[PDB]
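Before any questions on binding or motion, here is one chain by itself as structure tokens, the form solved without ligand 818.
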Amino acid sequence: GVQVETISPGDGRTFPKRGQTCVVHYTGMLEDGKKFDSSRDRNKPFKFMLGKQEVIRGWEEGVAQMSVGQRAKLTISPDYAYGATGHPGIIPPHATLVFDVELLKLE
């Protein structure tokens, strides 16, 4: 499953619902602490609709427990990320990923 640890609190009341577009900034890291992706480096926030399975299971379940403005660290197990196959060249098999995600707003 996913484990959420608050880094900085959000409003404590606006949680994302199915069908909404979440606008976030993130940084992906492998268990070692090595970065592999980051909307921050691209200086452009990422958007995805909750429920449309366009991101890994772990983001859909973890981000749904965050509120607007909150910045959290998600620790996601293989079964909720890229599985046994991973994504060769980028993500190793059976990899536990750590994301530093900040929920900027909802649309």
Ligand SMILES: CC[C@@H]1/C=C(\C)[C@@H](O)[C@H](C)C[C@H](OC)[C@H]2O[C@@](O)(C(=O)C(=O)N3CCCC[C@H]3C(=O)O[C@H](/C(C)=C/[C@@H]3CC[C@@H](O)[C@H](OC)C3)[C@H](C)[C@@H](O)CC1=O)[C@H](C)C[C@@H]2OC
The other form holds:
2 protein chains.
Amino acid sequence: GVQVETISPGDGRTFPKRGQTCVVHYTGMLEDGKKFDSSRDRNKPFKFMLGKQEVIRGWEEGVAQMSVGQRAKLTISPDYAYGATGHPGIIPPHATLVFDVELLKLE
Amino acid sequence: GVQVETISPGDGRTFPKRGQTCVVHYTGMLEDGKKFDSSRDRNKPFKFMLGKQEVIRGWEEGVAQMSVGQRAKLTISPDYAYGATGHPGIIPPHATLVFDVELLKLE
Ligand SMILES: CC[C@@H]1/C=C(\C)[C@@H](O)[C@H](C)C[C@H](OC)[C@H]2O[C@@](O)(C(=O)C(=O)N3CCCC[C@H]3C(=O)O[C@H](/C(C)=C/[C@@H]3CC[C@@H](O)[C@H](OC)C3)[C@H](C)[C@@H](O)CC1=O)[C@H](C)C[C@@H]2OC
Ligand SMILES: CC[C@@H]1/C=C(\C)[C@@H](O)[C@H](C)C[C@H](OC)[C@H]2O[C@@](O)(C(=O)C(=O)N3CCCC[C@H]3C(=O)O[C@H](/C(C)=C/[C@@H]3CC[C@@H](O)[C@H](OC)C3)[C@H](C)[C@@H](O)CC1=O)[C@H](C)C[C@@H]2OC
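Form deposited with ligand 818 bound structure, per the form solved without ligand 818 context:
Up next: the whole complex, starting with the chain shown before.
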């Protein structure tokens, strides 16, 4: 599944609802901290909606537990990410992923 | 993992080696037989190589057990396919997939 560990607290009152646009900043890493991608590097947040298979399941379940302004680490098991296949030439088979995510706003 | 059930036998001697081009015909279905895709419908075989993350793991492990001319049903568990996410708007979360595959030739 997914484990959420909070780095900085959110407002504790505004949680994402299916159908809302989530705006975030993320950094993706392997369990040893090796970085594979970051929206921060591109200077552009990533936007997605819950409930439309727009993101891997670990995000669908992890982001729903965050409130606006929260910064958290999401640890995602392989089945909730790229499973036994991985992602071609970036993520190996059976990898648990770690994402540092910040929920900037809901729109 | 993956289960291979043979419909028509292969030559029993030519098995795919990593680095070879596999040429196949396939039909993808859910466990109840509902078809989601088929190369047969397009009149064009599908070509891929083992060992390059070009296909879901259930195929990487299942096709390697087939010999040229064999026709088999591959039953693939979710982690060896699209896991808890599925494939956007085609395959639901946690689905076991069934592929009817025919190994036409190796090149
Ligand atoms: C068509 C292009 C479209 C690309 C964009 C919108 C780009 O803007 C995004 C910034 C994507 C990033 O591009 C730089 C890049 O992000 C990674 O680096 C990454 O950090 C990651 O894991 N992320 C991205 C941040 C959210 C979680 C996760 C994801 O859910 O990503 C999604 C993902 C790949 C889902 C698979 C879909 C097929 C399912 O079957 C499978 O189910 C197992 C899951 C991704 C958002 C797709 O929905 C949409 C796209 O692919 C991926 C390793 C590879 C990916 O590039 C492709
Ligand atoms: C860039 C376009 C490129 C498209 C082609 C070469 C097309 O010619 C192929 C005929 C693909 C088919 O297009 C009509 C179509 O096939 C499905 O319908 C399907 O039956 C399927 O499941 N197949 C296809 C036959 C081999 C097994 C499996 C697969 O391995 O497919 C691979 C797959 C999606 C892997 C994911 C990669 C990201 C990983 O992270 C993730 O790991 C979980 C696994 C597919 C071959 C990709 O490598 C390459 C592409 O996507 C998919 C449901 C969706 C897919 O369209 C995308």
